[PDB]
Amino acid sequence: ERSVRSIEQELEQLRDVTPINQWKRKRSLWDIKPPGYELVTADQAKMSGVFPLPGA
Amino acid sequence: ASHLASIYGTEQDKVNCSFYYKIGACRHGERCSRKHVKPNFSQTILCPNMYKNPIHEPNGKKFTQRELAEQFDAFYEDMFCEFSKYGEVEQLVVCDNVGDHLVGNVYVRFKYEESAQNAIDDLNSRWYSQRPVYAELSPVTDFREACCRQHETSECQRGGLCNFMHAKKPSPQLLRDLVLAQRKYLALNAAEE
RNA sequence: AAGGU
Ligand SMILES: [Zn+2]
Ligand SMILES: [Zn+2]
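Residue numbers (the entry's author numbering), protein chains in the order written: chain B, 106 to 161; chain A, 2 to 194.
Just so you know, the hints here were simulated from the structure itself, not pulled from any lab data. Note that CB positions come from ideal geometry on N, CA and C, so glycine has one too. Any given hint might turn out to be false.
[Claimed, not checked] With the Cβ distance kept under 8 Å, some of the chain B side facing chain A (calculated, not the full set):
#1 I125
#2 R130
#3 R132
#4 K138
#5 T146
#6 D148
[Unchecked claim] Dumping the calculated DSBU-like pairs for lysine-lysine here, alpha-carbon to alpha-carbon at most 30 Å:
#7 B:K129 - A:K53
#8 A:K169 - A:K53
#9 A:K39 - B:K151
[Stated by the list, open to error] Distance ranges between label pairs, derived from CB positions:
#10 A:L69 - B:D136: 24 to 32 Å
#11 B:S153 - A:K36: 24 to 32 Å
#12 B:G141 - A:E156: 35 to 43 Å
#13 B:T146 - A:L162: 29 to 37 Å
#14 B:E117 - A:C157: 43 to 51 Å
#15 B:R132 - A:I8: 44 to 52 Å
#16 B:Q118 - A:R159: 38 to 46 Å
#17 B:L158 - A:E156: 34 to 42 Å
#18 A:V180 - B:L158: 39 to 47 Å
#19 A:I8 - B:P157: 32 to 40 Å
Take the sequences, apply the hints, and build the full model.
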């Protein structure tokens, strides 16, 4: 199959590129919860009304 | 005479909302007189009010122009890398508007429709920057029909209150490094079979 | 309930 050949030609081409699953994010703000909300899920916080959208 | 003319999704359509069909967000929201059709199958997802531009903060005019560019690149990198875990990302758009319906809106278009559905099912239970993440499917298909035309050249006289997307583009170095990194991640998940 | 066809 030429599918396996079309992959090895791209992997050797992308030798000096780091894959996206191995990017070292220095200051990622994901999964950071406010102080006190360690036991509160994201669904319970949106329904509580303490975190409303600018529309509401 | 080759095809019938339609007015669906247009500003002349008086039952469908043209602004929600093209931009994915209307200034009236759920109180609008015209219909906002929420798609069940879509490639584009919406995370309203995710990008908080420091310029619109009390202590957020203390940064210089070079520091502001690196801060937005850190945000765009933090978005593209996390959204890539839900499949292939075709385009990432960040809105720099001030209207309550388009302030800090983040649109992400995946290649497959199943990739977008799995994203909203996981983002609605996660957090970002001490705030719960709102995720929903957006009917936006072509961003060219939703971006402000007078904003690409010079600036729009309506300012931040424009009803069209004032997309804040990142640095070309980061955008190129993200596309090359995504193809490498997808090529690595292909030589397994 | 508009600027966008
Ligand atoms: Zn509307
Ligand atoms: Zn504008």
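Which numbered hints turn out to be false for this structure?
Hints 17, 18 not satisfied by this model.
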